[PDB]
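Just the one chain here, the form deposited without this ligand, laid out as structure tokens.
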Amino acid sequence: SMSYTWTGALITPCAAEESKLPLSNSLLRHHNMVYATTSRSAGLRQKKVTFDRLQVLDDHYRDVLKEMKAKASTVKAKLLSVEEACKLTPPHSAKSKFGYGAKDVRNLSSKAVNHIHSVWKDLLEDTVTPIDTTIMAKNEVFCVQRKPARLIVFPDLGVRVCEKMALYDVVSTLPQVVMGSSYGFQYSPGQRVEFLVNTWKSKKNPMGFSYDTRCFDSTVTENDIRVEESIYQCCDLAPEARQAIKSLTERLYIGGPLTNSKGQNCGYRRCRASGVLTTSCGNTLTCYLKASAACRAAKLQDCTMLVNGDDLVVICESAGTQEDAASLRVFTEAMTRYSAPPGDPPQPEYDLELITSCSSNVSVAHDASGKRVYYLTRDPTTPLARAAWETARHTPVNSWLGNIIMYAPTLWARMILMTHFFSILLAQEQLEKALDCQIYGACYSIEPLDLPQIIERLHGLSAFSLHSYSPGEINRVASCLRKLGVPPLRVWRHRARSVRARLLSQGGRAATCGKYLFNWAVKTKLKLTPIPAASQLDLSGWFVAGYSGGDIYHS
């Protein structure tokens, strides 16, 4: 079965697309290296993601599936009311083709609610007719060496709300129960590091590897998608939920027709849709299932998995370098049979720091006392490129804010992102202005002035005093700054001292940002005690589940 079939109709934009970087130069001067993907490259992506999938299952697969269902059976899940579902809808979510928008949904306008009721009722009465989806090219920023745009497939606003009602509770609670500690989205960055470091430490003689499935969404078969449903259905559910879940699966999740922005039929999908509520959960369960089975086929000893959607990292007991090399090829052959072939082949690693998963890795620094501290970091190229874009253009999603929150302990986030953006917020007098950012796919509204206590709550006080970073980490940053033409430490330190001073003179939370975020920039350090406001912060539903493509909004 083909993941996609196409009519020949083009994937079209719904607005003018910028692929070019037009204050921003002060951040990064090699602006010709920064580009954004557009629909013009859609054809290239279409070719990559269109192929025949072959799948052969074995006893290991079946044993693991049985084990997952058994745990899934302990879960009780609730229907969301229409109101609860509406409030989860982002204010700028794509409007319905049926005469109402996200604002109408959020306001609970009777037109929107009446339509949502009719969609739900239709779901219960009809469990066959494929549901329409829109296919678009994503507009994302990168640095050269060029990626063709990613494709986004999503149903109408009315359907998405119904998805929330039927499955939000399921995709928010089920994965963690089924996969336990292996479920990646339950962790803040600090917690993700702790689990990785400790898992590594716990092996007698550890070996680990990241596994990249080539175009994971396309590798997901209709069988895979029904297997996921069978897992959902193990939950203790209301008869209405079971019916809706079954209808959504047959009518939307397993596949359906693709319609472009102009309304033309572009083709038909028979794999994972990137823009539905179950994408993250489905991908995570499916990746976990196949990888767990593959471990057994490959006879990897004491396999420990960490899974985030299609992102997979494995840490096990080494059986020797040659033996490991051979075991990994077997693991890969098993994954391939399950319809999850690798992009670039996995390779054994024997240094935790060298394992990149979720585009990030663990590294070491030292706190004020000289004590060792592990933190999550990544190559800063993309974050910096997108930071430049967001400086030179108005964008609804502030990746820089999300990056500061997730990578606050890193040298590059502290040195560059905090300095550059707080300087801009000072000039524009928009310190008090709340901004939208994404965490694990979900959209959050956050006040930049709260960053100190947010960071203390997530990464601890040491985040404000990390030094003596690894040479490997610094070389990567330096190499990146060279590549992108970014000013060196001496320049950012000078800028940071200026911003820090200006922040202090405003007092209040502003001064707190100056004192904590920029203590690194001053030669005589302040004392930095626990921020009292860091305790009374509501940081519960931040790191519970993934929702990439799931159209979720919180707070």
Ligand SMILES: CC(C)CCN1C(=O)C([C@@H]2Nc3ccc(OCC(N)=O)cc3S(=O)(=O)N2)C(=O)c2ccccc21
Second form
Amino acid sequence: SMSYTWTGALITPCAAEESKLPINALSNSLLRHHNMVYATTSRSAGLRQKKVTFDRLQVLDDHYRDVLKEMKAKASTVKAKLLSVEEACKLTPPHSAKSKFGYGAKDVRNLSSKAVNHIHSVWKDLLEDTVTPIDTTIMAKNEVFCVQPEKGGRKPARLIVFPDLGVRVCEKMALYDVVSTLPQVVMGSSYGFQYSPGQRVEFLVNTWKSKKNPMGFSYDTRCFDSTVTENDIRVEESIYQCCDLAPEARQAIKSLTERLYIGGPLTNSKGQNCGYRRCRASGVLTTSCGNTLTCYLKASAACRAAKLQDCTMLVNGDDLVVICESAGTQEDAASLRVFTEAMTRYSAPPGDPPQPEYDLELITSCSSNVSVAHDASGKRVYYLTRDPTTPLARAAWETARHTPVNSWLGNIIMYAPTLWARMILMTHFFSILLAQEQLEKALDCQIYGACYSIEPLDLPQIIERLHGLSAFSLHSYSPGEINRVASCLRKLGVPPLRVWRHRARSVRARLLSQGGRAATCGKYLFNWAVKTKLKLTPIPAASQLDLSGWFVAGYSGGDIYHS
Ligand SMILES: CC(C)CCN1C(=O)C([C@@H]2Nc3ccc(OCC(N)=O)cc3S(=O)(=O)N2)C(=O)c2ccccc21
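Moving from the form deposited without this ligand to the form solved in complex with this ligand:
Entire complex below, previous chain first.
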């Protein structure tokens, strides 16, 4: 069973692709070593194709079937509803790719006769036909990274595979409720997407402390989407079908599974046949839910095979971390080899070889790790951080280019308590917003794969709600964290933190002069900058903002808009 077969036709871009970091008058203030930042293009698609194309062997034992039975029993308690055409239409992003059948995303959102009637026709076809493969478009992703020597230096572009807009709206009708509600029921506390950043830290810290002698490890599956087999996708559907569903929903789900999710023909941007997929499509509604379930199933069974004691898992898509009871250094090493052997048999072999870790702060999961700082009272506060290299490289790109998704805003929200987000990201971008008088302008960014329109003036309310008032007063960061940030700044040629402190005093003063919500941004987001701090009190506007739906489920690749 080959993950892909290829015709020879190239993966083509839809427009001009930039690989070199764009530079304007503002670039140098953030980053000096411009040659270190690059974007992935279709020119490296061939290299990705070779990496993602392989034979999958699967050997399924009693542990696997045992866990599946338990998952199905939980799934059987879920009652899910079909979305109406209108409800599905409103979940479509305004700038989502247009249909090849004579309408765009804005037509869908406006409930135009042409769009709605076509969607009805696609739905009718799904109910009637459960065999005919549905067309997909294959594209190379344009993503910004910093060069990383020993990784081959530069990573090839990721492959995105997605069906037509009409099909995407139909996916929503059939499965939006399922993928939003089922994962937490089946996986419980192990489902990562139910957690805000602070809630994730809470879960990780509490889990670590619950063990007598804790040991943890992240498990990196090599090219997870390609490891997903027809079996896996059919198993996922069987889980979905355990739900209390309308007969209509059951038919649509069965059809989508057979015709889209299991595999299908690949078409480039020019309309040429590129080949065939027999693995996970990155750009469907069930991608996040399917991957989390599949990873959870394989990992749970692998934990049993390895006889891991008092196991606790945390799963987000392909991203897996396990915390358990240590049996000793040699014993743990042996246990992880058995775990890896089990995962490999299930068709989930490792990329990075898994290693036991006895320091929670050194465990990276969802590209992030738990670190410790101190609040204004001097009390230890745990928070989520990461290596700032990619965030800052993407911030550099967004400084000189308008982008659909503003990664900097998402990074400020999710990493608000961090040294680097506060000192660099907040300072840099609020200065930009002040200069253009664009503080009031709402910006698009993605949280857990879903698109949100967010006003930067709401940041103090957002940060207070998610991270607490402590996020505005954190100090005395860990030596490891300080060292990592320092290494990043040297690498990228970012001005030292002392320069950022000086700049922040100016940014703060400007914001305070503006009045209104801008003054609140100055007071709260930049209280770290001044030597004599203010009191900091709860914001009345914070409880008014609707933050439900932010941390319920993952929707990466699912074409989801929540506003
Ligand atoms: C864990 C989280 C609190 C911190 C890291 N983080 C994240 O993990 C995500 C995120 N997580 C995640 C993990 C795994 C994942 O796998 C999807 C797959 N199909 O394998 C997809 C996602 S996401 O939903 O695309 N986004 C994210 O969107 C994000 C955005 C801004 C800032 C931080 C983010």
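If you superpose the two forms and keep the largest set of C-alpha atoms that fall within 1.5 Å, you have the rigid core. Numbering follows the first chain given and starts at 1.
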| property | result |
| --- | --- |
| Distance moved by the residue 536 C-alpha between the two forms (core-aligned, Å) | 2.2 |
| Rigid core fit between the two forms: Cα deviation of residue 403 in angstrom | 0.2 |
| Rigid-core-superposed Cα shift at residue 489 between the two forms, Å | 1.3 |
